[PDB]
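Participant: Dock chains V, S, O, N and U against chain W, hints included.
So you can see what is in the structure, the chains are spelled out below.
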Amino acid sequence: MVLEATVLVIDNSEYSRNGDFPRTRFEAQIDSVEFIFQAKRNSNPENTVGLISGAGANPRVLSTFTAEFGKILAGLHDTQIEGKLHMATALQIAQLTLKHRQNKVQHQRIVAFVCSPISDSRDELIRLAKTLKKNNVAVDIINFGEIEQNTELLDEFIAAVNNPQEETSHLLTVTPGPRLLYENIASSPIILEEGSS
Amino acid sequence: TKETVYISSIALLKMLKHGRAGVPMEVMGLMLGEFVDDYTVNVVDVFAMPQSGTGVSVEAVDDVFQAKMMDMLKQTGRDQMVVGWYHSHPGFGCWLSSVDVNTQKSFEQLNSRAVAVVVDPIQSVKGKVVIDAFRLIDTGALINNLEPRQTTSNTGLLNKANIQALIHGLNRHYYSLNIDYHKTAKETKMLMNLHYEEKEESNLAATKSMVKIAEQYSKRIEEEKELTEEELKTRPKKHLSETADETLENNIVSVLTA
Amino acid sequence: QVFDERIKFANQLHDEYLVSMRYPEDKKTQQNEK
Amino acid sequence: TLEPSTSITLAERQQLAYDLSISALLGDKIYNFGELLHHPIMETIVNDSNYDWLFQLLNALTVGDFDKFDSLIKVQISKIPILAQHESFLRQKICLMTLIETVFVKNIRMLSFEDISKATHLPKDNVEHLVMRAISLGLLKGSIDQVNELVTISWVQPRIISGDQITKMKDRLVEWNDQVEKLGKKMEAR
Amino acid sequence: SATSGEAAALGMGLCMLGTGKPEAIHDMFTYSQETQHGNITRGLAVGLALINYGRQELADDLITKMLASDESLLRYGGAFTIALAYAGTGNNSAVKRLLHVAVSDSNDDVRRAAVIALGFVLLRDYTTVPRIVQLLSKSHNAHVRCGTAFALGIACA
Amino acid sequence: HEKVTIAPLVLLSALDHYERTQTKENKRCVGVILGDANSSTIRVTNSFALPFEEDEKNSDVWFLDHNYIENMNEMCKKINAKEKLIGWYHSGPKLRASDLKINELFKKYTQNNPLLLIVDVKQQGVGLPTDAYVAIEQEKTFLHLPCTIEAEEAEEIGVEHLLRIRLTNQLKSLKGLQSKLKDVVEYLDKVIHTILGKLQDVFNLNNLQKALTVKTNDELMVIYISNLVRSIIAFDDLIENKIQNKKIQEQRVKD
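Chains as they are written, first to last, in the entry's author numbering: chain W, 1 to 197; chain V, 23 to 217, 230 to 269, 276 to 298; chain S, 459 to 492; chain O, 198 to 387; chain N, 474 to 630; chain U, 5 to 142, 151 to 176, 188 to 215, 223 to 235, 259 to 308.
Just chain W, same shape as in the assembly:
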């Protein structure tokens, strides 16, 4: 629709290598970033997508906002393949990342793919949701594969940041059916209701 800044937060933890996708799901997110990159770059004439890995590699940044997909796809193979996922310190990295974008009129949005549930307490997400809500930061949560063995631990994070779909607080639940990876987030209201595909 309009200009926006998209930040993709992947999961490098130990449960990200599971078989939710054929071969290794750790290599599946390579196509997830490519699907969002081709969808957002073709929608607007100027758009950039960032990449932040906060699981097991410490809150580092593989690639920041850029218009080239060469270094983004290459950094996913040599990164840390196993670790512990922490969503409390990972979302704070993308908050300071949005100030480095191209245009200041772009909408602030954070897209995070959560594979396994975090072991940290949910009390930190309460104060974290109120921080992103005051700055009007869109939160996109994709929870898949962790619903079978555990309940969603980010529901309390969404309840505090809860806002109508026209602003922030976008929560998604992917059905564990025999469906392709790029088709799971395609039917979800992510790239839908935009200017062009």
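It should be emphasised that the hints constitute simulated quantities derived from the structure, not laboratory data. A couple of the hints might just be wrong.
Said to hold, decoys possible - Think about it this way: if two alpha-carbon atoms lie no more than 27 Å apart in a straight line, the pair counts; the simulated DSSO-like pairs of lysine-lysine are:
id, chain 1, residue 1, chain 2, residue 2
1, O, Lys383, U, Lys198
2, U, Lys105, U, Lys7
3, U, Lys112, U, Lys126
4, V, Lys208, U, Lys28
5, U, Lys195, U, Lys263
6, U, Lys28, O, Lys365
7, U, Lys86, V, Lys90
Facilitator: This is chains V, S, O, N and U only, laid out in the frame that chain W set:
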């Protein structure tokens, strides 16, 4: 008329190091800063243009590389626009050639406040930096012909030949200016760090001198013996005084070790 | 201790050398010369 | 490296502690009992079944009773010839370093033969034999004078197990801080 | 706006002549350091000298604060403050302060401001004015030789 | 060991990034340095400034933009091809716990041992506040090297334009003593290892200097002997000037 152009202390060492590194090719770089009316030109930070073998021509300015670097400087705390550029002229004085003026005319339509600075990193090694600025015409105080540049004092025209020929008559493409530098109380002590790390280094000269302390004073006394016989055959003092002055300072430092 | 008093005699004569140096030449500038 | 990770269970620590007791008593390299107090070796094991001999090491070296060394290791161990040569090498370092800190006042670390002959209970021939061996290993820079019956010893050993001299050296630094401050103010006026 | 600001700085000084307003001293001095305009900053330094006229030792509070700053324009007006306050009958400590400012400081405009201020403190006797001027007229830094030239034109005229 | 030499262009640049950025609320300004670390004397000919934000209450949250790393590389290679990234500097003397995490960010870009530079913007110390540490294998320890100033006509000349023995050393010795006094007092409050190991070696290596005093005065009087003949020669300079001035007086009277 004379105009005071303020330049930050950080911009001097950057423009000096850039032009001094390469001796030939007459390098170039941009600048950043603000202005106070038309009578004051402030320079805060400077920019470094990429190198080219054309010697500051119309093709040596890359608008693609210029636009990408200024976007990163705004996030580093630089809110100031481009106040002009500086051009090095090794071996010569401060003057503008036919190519430098024609290149300067290309930026008049973009920013009329641009200032072309002529820096000489070669001949500036005497302790007084030789540098001069040349500002374009943004008018607003001028229109056709008027009298800008209040606060007329300090140095004179200088330059070389053609620039000082026409000042008030044609002010458009060239006129003389002056250079001034602004400092603060904190920036003064930043360069004062030249003089317990230095305490240990001070004893290193006296450490190796303890082995030669017999041979160090022997070579000085025997040297004074030959200088003494020089004054006997006169019927000199400068060679004897300079030799003795070096021996007096060496004896006081040795006492400081005790 | 003896070597200290010897150098004091040197700096004393240097200051005494400054006592009368320019004094006899002070009247040369005020008096009109050729 | 065993404590942080890689099988931190006590199964491998019981077999390792048995080797740490043999290497500490026989090994003359690093102190004697000094390293045993740094790592929780005896704290993770029991005090009996031939693990008590580590406690007798500190009491035999500090006191020096001959009956302690004979009962410190029985025949099931001491039959190894390595201990026969190192029997006198264990008490040579502790008895020597104890006399160094005792004689030290200000500038004098010097020792005599009678002071060492009382601690080690050996004649003057064995004094220069055992001390020189520890000096050649780099533990001491000093030497021994056989003629005048004087032993000069420099400062090499870092002398671990601190806390006695921390309060003493704190006032010594104040003395250095005062002398420099007093002489520093005199150089400003004159 | 520095276009009309140059006149406002010199205008308020003539109103503060003599005793003047005590609150006007701290307001014009603090605003001068926060002003980025060149003509306004140099104008307020001259205005501060016009505030204290004939104060003599009563102006030592403003004289100390102006000479303590490292700015170039603030040290320029500090020499004129001593000239107007000590004008007519002067003090032996007023000339001593003007001599140290024109030596240690490397600013050519501040050095010439201290040597020209000597004519106002010597207005009591015009005979001894050239005695000091002849010593300062042979020095280097021709900017100083200009300020010493008017020292005979301020007093002996 | 090695040595660290930094031109005043880099020292003044790191000190001017605090006021321009307007950093407040007790934060830090991180920037990158360029030079050649391959030789025994590290020379830093260039420096830059990068945006850095880290939480004070949480040391596990840090962010650094890598675009400035790739942008300055493409910018320098088009100007100075002899400059590469040798490390980075900080805004303050006090070391934080994030020095090990920042060292992992530049280990891929730097082709040599990353150089840790420490610059004090407050300048509350004596002499040169700038410190230079080298991170080596300990996990990791920081070895400090002496920092100097580069002598060249491309830097120090501009310093002379802007600006224009033992007494200072004794004041520097007091700074090192006060650091050890506060370290012992604060250690006792936290209780009732590397410092205590090197502390006892200082006392045993100025009560010990009194043993060589008998041999110290051997070379002390030689200074006075050298000063005795030094003062005598000084008379030949002053007396000759008196004879020269005496001849000038005879020339003015006869004229």
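Participant: Now, for every hint given, state plainly whether the structure supports it.
Facilitator: Hint-by-hint comparison with the structure:
1. O:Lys383 / U:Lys198: holds, 18 Å
2. U:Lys105 / U:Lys7: holds, 25 Å
3. U:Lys112 / U:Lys126: It is violated: about 32 Å lies between the C-alpha atoms, which goes past 27 Å.
4. V:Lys208 / U:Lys28: Holds, because 17 Å separates the two Cα atoms, which is no more than 27 Å.
5. U:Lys195 / U:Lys263: Distance ~24 Å between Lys195 of chain U and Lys263 of chain U Cα, so the pair holds.
6. U:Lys28 / O:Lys365: violated, 43 Å
7. U:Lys86 / V:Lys90: holds, 23 Å
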